Each structure stands twice: as structure tokens, then as C-alpha cells.
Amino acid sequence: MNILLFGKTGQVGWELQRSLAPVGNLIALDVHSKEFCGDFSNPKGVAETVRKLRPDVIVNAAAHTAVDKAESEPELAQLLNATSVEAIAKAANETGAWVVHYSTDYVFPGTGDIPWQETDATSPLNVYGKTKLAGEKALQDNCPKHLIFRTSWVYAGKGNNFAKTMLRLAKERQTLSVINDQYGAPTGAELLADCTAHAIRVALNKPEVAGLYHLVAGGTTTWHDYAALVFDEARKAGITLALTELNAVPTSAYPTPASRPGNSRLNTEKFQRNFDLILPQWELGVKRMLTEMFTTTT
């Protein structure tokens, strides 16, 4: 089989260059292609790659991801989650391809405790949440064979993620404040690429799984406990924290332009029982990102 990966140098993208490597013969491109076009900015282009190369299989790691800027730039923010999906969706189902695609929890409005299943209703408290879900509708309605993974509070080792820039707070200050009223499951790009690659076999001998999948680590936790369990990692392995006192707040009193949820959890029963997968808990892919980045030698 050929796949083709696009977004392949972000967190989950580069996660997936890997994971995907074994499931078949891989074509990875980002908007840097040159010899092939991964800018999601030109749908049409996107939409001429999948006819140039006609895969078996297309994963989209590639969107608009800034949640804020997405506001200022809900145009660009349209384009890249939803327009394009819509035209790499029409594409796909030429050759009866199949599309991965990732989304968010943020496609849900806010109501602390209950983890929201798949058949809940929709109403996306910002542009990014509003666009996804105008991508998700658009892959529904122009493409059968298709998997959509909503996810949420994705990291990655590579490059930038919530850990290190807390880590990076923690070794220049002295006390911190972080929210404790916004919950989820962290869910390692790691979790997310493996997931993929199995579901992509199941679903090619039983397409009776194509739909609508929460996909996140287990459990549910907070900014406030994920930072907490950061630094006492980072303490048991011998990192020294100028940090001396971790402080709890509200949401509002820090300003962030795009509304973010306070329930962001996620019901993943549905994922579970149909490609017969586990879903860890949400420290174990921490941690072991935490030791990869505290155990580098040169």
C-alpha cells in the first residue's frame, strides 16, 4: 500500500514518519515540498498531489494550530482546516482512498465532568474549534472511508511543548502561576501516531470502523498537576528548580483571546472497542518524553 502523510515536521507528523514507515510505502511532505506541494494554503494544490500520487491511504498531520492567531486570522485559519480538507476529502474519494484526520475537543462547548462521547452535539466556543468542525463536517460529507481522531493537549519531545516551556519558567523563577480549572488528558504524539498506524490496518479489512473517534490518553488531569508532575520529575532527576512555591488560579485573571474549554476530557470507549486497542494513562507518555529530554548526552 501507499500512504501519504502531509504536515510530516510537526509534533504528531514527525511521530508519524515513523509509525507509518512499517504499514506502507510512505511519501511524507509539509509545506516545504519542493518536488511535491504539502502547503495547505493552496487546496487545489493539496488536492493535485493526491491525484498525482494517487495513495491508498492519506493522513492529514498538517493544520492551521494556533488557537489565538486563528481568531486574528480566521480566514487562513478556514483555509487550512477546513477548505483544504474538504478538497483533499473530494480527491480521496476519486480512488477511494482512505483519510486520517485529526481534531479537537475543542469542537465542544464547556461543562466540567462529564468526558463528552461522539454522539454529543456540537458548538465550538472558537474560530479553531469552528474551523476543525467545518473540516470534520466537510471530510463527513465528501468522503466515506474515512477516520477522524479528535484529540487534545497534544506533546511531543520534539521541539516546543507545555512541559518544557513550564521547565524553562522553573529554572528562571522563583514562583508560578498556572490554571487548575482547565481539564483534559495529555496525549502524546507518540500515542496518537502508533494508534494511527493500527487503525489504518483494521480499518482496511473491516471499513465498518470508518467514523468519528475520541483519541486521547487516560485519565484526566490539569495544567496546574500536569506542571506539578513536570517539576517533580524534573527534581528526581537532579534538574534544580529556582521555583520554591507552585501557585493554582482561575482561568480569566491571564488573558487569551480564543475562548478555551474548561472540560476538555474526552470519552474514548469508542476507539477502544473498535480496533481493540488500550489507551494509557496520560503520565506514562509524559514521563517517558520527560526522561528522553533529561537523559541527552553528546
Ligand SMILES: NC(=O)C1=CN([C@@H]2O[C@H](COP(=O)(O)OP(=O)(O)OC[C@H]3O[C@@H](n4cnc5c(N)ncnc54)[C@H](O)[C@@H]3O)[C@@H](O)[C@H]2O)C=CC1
Second form
2 protein chains.
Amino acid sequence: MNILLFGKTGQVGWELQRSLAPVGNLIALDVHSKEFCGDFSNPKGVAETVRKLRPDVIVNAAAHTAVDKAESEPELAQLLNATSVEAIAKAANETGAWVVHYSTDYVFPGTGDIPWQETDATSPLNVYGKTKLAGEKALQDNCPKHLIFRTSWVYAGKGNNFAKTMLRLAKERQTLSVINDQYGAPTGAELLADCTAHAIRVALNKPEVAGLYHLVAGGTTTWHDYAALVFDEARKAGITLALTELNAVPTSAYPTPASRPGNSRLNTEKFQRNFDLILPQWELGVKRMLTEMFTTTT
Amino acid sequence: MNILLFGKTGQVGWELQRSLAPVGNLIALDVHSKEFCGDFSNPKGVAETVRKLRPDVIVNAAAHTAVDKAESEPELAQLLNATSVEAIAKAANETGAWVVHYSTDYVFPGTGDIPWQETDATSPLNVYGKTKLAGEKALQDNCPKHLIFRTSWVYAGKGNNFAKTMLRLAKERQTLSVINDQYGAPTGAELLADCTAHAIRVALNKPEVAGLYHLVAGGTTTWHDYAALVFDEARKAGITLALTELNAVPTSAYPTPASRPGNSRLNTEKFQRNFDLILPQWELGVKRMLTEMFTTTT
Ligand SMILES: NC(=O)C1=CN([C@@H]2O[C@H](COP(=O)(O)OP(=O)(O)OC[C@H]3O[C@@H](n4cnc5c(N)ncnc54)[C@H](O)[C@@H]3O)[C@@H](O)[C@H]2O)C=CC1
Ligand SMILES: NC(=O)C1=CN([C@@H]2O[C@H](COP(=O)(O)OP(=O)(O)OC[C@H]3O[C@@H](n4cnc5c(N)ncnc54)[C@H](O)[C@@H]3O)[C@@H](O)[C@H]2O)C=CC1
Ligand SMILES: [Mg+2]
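What's the form deposited with the named molecule bound like, now that we've got the form deposited without the named molecule?
Everything in the complex follows now, all chains and molecules, and the chain you saw is the first one.
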């Protein structure tokens, strides 16, 4: 069967290019796709594309993902995180195609301790969350063969990521400051991509799995504890670090235009039992990307 | 369920560490595994390990893979490519576990033009092939819940590979010589790993899929044409190359201790229809590993 992937160059998209390749005949698009429209600024054009190809499955990894900039341009975000999602949803539903789509925990507020469930009420704390909410609701109302994967703290080894930015700091600096009161599970693009591939093959066989899912690596940590592991990992690999002092700091002390939740924890029991898949502890995925970065035959 | 992977540090193994992680609880071993035996020099010890854990699925990516050295030490190869495969097979069969195992086209002779099929007769041209034959036959006779994936020209982006070795040459040299009369499909460790993960999930549900499979990327090329693509890819990415002259050369003109087949072509229709998976053209996988190597955020 035919699979159409939008957002092929993103973190998750680049991993989907790999994961979806054996599952069906993959057509991978992004914004610059010359010979096919992959620019979510043209909701009608991504519809046309979806009519032009007729896919059995659409995997959407494109989005407006700069949360802070979104506050300054809620319009463009709306277009990318909702308008084009509806346009692709309705078109998907013209042909009975499945639509796979990623969302975010920014759809919930904040209240430490408890992991959010799919049955929990939503009240988006910032713009990103809002437009993405509009996006999943739109998918929900226009295209019943869907899989929405709500995720959080996504990283990949290709391209910039938290680990790397922190490592640049740790090379160039002696003391460093990082949030220790935001809680979640760093989730690999590898894990996302692979789970998607399997979930597609179930859904084709069991249409009842359609719906909304929480999808993250297991466990929970904070940015400061995440950074500590990265530091330690790098010390263990022989990366010399200028860094001598690592201090934990509250969220508030340093500005971000759009608010971040203190509680990005997500319960993923729904996904685990509906797909019979395992979601490994967050550390595995991070240590693996760190090794790949450190043992770079080159 | 529990998955046990031997050969976790190899090309295919490193990709299996990722691909198998959502499929079940993964225990990943290699030779140096301190707290568990993963050294195929101790066939009884890998048996013990397999009894110590009781897996539902065993994925074996460990092997003696230095074909030329094998001619000088057919004994050690036998141990790694057959003896330990039988020991793990018989133990697998004590508990009804599935055994997944990789083999090679070196199991066939040579006769250009036609792709080898699973129903074709085998006559191994070198030691590697022989011990690996002993390995699959042993698996075949001792453990009926098996999946043998015969593959060829395997590469990964981590660690040394043909692309890289060639690129080192192309940086340091002006003229280069490479075989143009050996035919096959370079097959990515990514493709291998992902197909394995899916094939496991079918086999658990449809035990009749058990058996021997040809598994390679589609198409066919030669080392010289493969190297040309790598050169071109790198020229397209801005890698400056000293290389000015690229000459095709026959196999014979330059020595290898163990013989290489002129015909590594493999027909993979069996795998495609039994698993309902797609096997993409070899170029995709190579261009992707090249991009990852070239766009190395670092
Ligand atoms: N990155 C994160 O922390 C998280 C991401 N997610 C979701 O996961 C999904 C993937 O995220 P990433 O891979 O991190 O995103 P990314 O930022 O790496 O990738 C963004 C993708 O959107 C594409 N894009 C940008 N503008 C576009 C336009 N005008 N038209 C079409 N495509 C355009 C980019 O080209 C790229 O392929 C998105 O749904 C995202 O909202 C969810 C939770 C957190
Ligand atoms: N590499 C290739 O061109 C091809 C490989 N294959 C098969 O694919 C499989 C994987 O190949 P690669 O990932 O390329 O292999 P590799 O050479 O990258 O990995 C070899 C693996 O065997 C392990 N190993 C070596 N000695 C061991 C010992 N004494 N005990 C336990 N493990 C030991 C290594 O530690 C490593 O994990 C093997 O079955 C191989 O024969 C098949 C066709 C071609
Ligand atoms: Mg990778």
C-alpha cells in the first residue's frame, strides 16, 4: 500500500522516512517538495496533494513547532497545527485513508505528581497547545480512521537537540543553570517512528484501535537531571568538559514568552495495551543517541 | 514479552537495539557482557544464558564475519556460525521460543543474471558460507519456530563501511580502482532491523511464516556503480574530493583469500508476500546513510 508522509525533514519525520519504508510504498514530502505540494500554508494544496496520490495512510509530522514564536504569530501556527490538519483530514476521509498525527502535552495545564490520561480534560496553556488542540479535534471530527499520538520532549540525533546545546555549553562554560522543576520523559524520534510503524500495521488489521494515545518513553526526569545524564555520559566517553558547576534552578527565574507546563508527565497505558508494544525508559534512547554522537566514525 | 538479542554491537545488532525495543522487553548481549554470557566461543554458555532468561524470541546478530580470515581459521568460524547456532536453537526449542537468524548469499555459487531463490540448491563457495550453511541447517533441524534472513552487502552508518572506506580513498587519492563485475544490492542495517521487528510480530500471530527468507534492498548494482553514487552524493553535499579518475576493474586482477561470488543477486518475493512488507531500492538506504554522515550536527 501507499504511505504519504508530510514533514520528512523534521526530527520525527527523518526517523519516519526509515520506519515507514518497509510498511508501504513511501512518498515523503516537506515544504520545498517541488514536484508535490508539502507546505501547510496551502491547506488546499496539501488537500490536492492528498487527492493527487490517494494514500492508504497519511503520516503527518509537519507542524509549527517553535512554541515561543507561536505567541507572536498565533495565526500561522493555527494554519499549520489546525487548518491544514482539517484539510488533510477531510480529504483523507474522502477515500477512507488513515491519518496518523502527532500532538503534544501542551494541551494540558500543570499540576505536578500525576500523569495525564487521554480521558483528562484539556485547557492549553499556550498558543502551540491551542492550535494543536484545534488540530486534533479537527482530525477527530473529520476523519474517523485516525491515530493521534500525544508526545513530549522529543529529540533526535540528527539536527540540534537539548543534549547537544547543553554539550556546547559544557565545552565553552565553567558553570551552568538549568530548570529542575519541569517534569517529563525525553522521547526519541526513533521510538516515535518505530511505534508508529507498528501501530499502522495493527490499525490496518484492527480498525477499532483508532483514537487518541499518549506516547512517550517511560520514567520521568527534569531538564537538570536529563542534562546531568548527558554530562556524565559524555564524561564517560572521554569528552572533556570545561563545566565545573551544575546548579538546579526554578522555571520562573528566567523568561519564556509562552508558558511551559511544570507537569508534562503522560500515562501511556492505553497505547501499550492497544498495540501490545513496550515503551522503554527514557534513558535508553538518550544514551543511544549520545553514543552515536560520540562514536562517530568520521 | 521478552526478546534476547546477541551481537548488539554489530552493524545489524546496533540497529536491532532500536528496532526491537518497542516489540518486547529487550535484553541485549554481546561478547563482553559481564553479567550474562554472550560469547559464541562458549556454545554451552550461550545455552545457559538462553535458559537463564527463557526468551519468547531470540534474535541472533552475532557471527564470525571476517570472510577472508575465516579461510585461515575455519574452526573458529564453525564455532560461531554453526556450533553456537545449534546450541541456541536446541535450547530455544526447549521452550518453544522463536529464533531469528541472519545468513548470507555466500551460501550459493556464482552465475550472473539470475537471482537466487530460497528453493535453489546451495554449494558454499568459501568458508564463511560453509559454516553459515551449517548454521541454518542446524537451526532448521533443531528449532522449527525460526526465521532465517539471507542477506548480502550489509552496511550501517555507525562504524566502518564501504562508503566510508571509499570516501577516505577519494579524499587522499586522485585515481581509484574498484570491481565492476560483482553484482548485488547493498542492504542497510536499518532495513534489516525494521523488517525483523515486523516479521517477529507476524510470526507470533502466524506461526506458518516460519522458514527461510531472502532479504535485501531492491535493485542491483556493482561495487563500482555503488562507489560512483557515493562519490556523486558527496560531490553534491560539498565534500571536496581529491579523486579525479574512476576506473572499473575485474575481480580477478586483485587477490582475495576467500572467493567472492560474481552473483550475489537475491530474489525476495517470498519475504514480501509472507510479511506484506516492501523492500525499497538499495539507493534509498545508502543516500540516507550518506546524508546522515554528511549533515552531522557536531
Ligand atoms: N519537538 C517536540 O518537542 C515535540 C514535538 N511534537 C510533535 O511531533 C511532531 C514532530 O515534531 P518535530 O519532528 O520535533 O518537528 P521539527 O520541528 O523537527 O519538524 C518540523 C516539521 O514541520 C515542517 N514544516 C515547517 N513549516 C512547514 C510548513 N509551512 N509546511 C509544511 N511543513 C512545515 C518542517 O519542515 C519539519 O519537517 C509535530 O507534530 C510536533 O508538534 C510533540 C511534542 C513535543
Ligand atoms: N556484514 C555483511 O556483509 C553481511 C552480514 N551478514 C550477516 O548479518 C549478520 C550481522 O552482520 P553484521 O552486523 O555485519 O556483523 P558485524 O561484523 O558488524 O557484527 C558482528 C557481531 O558478531 C559479534 N561477535 C564477534 N565475535 C563474537 C563472539 N566470539 N561471540 C559472540 N559474538 C561475537 C560481534 O561482537 C558483533 O556484535 C551476521 O549474521 C552476518 O553473518 C550477511 C550478509 C552480509
Ligand atoms: Mg539512526
